[PDB]
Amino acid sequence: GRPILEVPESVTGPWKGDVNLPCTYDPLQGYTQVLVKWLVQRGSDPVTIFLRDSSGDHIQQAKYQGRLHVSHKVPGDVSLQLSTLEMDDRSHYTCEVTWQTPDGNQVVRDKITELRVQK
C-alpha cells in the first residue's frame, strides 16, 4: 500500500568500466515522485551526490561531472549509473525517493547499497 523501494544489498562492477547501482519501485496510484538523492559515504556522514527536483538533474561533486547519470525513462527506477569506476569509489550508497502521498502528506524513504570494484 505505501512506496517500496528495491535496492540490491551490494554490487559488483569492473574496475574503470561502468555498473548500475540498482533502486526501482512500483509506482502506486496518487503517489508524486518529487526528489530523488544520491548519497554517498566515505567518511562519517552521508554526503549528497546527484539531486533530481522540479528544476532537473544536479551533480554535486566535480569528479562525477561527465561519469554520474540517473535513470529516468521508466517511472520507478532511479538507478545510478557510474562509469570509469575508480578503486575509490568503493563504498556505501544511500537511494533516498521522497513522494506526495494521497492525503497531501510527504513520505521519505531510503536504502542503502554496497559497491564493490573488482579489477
Given for the second form:
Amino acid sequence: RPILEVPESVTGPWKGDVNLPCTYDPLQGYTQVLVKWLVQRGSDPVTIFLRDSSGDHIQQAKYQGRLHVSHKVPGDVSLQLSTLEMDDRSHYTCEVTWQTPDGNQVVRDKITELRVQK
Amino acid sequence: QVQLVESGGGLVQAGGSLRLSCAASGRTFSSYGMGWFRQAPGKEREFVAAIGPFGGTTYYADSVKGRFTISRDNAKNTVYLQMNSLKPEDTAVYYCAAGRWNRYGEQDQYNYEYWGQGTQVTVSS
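Could the form solved in complex with its partner chain be given as well, to go with the form solved without its partner chain?
What follows is the whole complex; the chain from before opens it.
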C-alpha cells in the first residue's frame, strides 16, 4: 500500500512562511481522489484544507490567502502556511485517499508537529 | 529518537492470561499511535492490536478481538496489552511499535517508525 512521508516535526519562523512536507511514491493503479490537511484539537482532528475532483477548499477564513497545497508533481501534497502566528502551533495531519481499479478505496494519514519560533 | 522496551512475556498455560507492556522514551508519547505485532515460527509477522494517538482509539485483529485489550498510560509513556483466554496459537514473539499515523493504516508495518526488539510469549497445553 502507499506510505505517506511526513517529518515528525517542523519549525517555522514567527510571522514567516513554512512548508509542512507530505509526500508519497504513487503506486500503479492508484488514483488519488482526496487530500485533506487537519489540525488536531484534543481528540478531534479538524479539516483546514480539502482537495477533491472539484478543486481546493480552505475551510476557515483565517487561512484564506495564507494556505496553499502543492499540486504540480504527483505524490507531493505538502502544505505551505504563510505569516505564521503563535496560535498556528499544533499537530497537523496529512490525509490522502486513493481509489484502486476495482473501486475500493485506501486511506493513509500521518502527523507532524508544527513549531513556531520567535 | 525513540527507544521502545517490551516487558511481561514468558510461559503461560492455555486458558490463562498475561499482560505485556511497552515503555517508550521521549517527550511526546501521546502523539504516537502504538501497535503490537507478533510472529510465530515459520510465519510472517502479523498485526495484533493498536491504539491511536491523542484520544486513543483502539484496533484489534479479528483473531484476538474480545480476548485481548490494548490501553495506554500517557503519564507513564507505556502501552499495555492484556492477553486473556490465551490459546497455543497465540505463541509467538510480540513486537511493540510506534508510528505517526492518526486514524488510518494502523495495521501496515511500514507505517511505524520505531520497532521494539520483541518478547517471546509461549502458551502451553
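Note that the rigid core is defined as the largest set of C-alphas that superpose within 1.5 Å between two forms. Numbering follows the first chain given and starts at 1.
No residue of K63, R42, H72, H58 other than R42 has its CA displaced by 2 Å or more between the two forms when the core is superposed. A displacement of less than 2 angstroms separates the C-alpha positions of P14 between the two forms, with the rigid core held in common.
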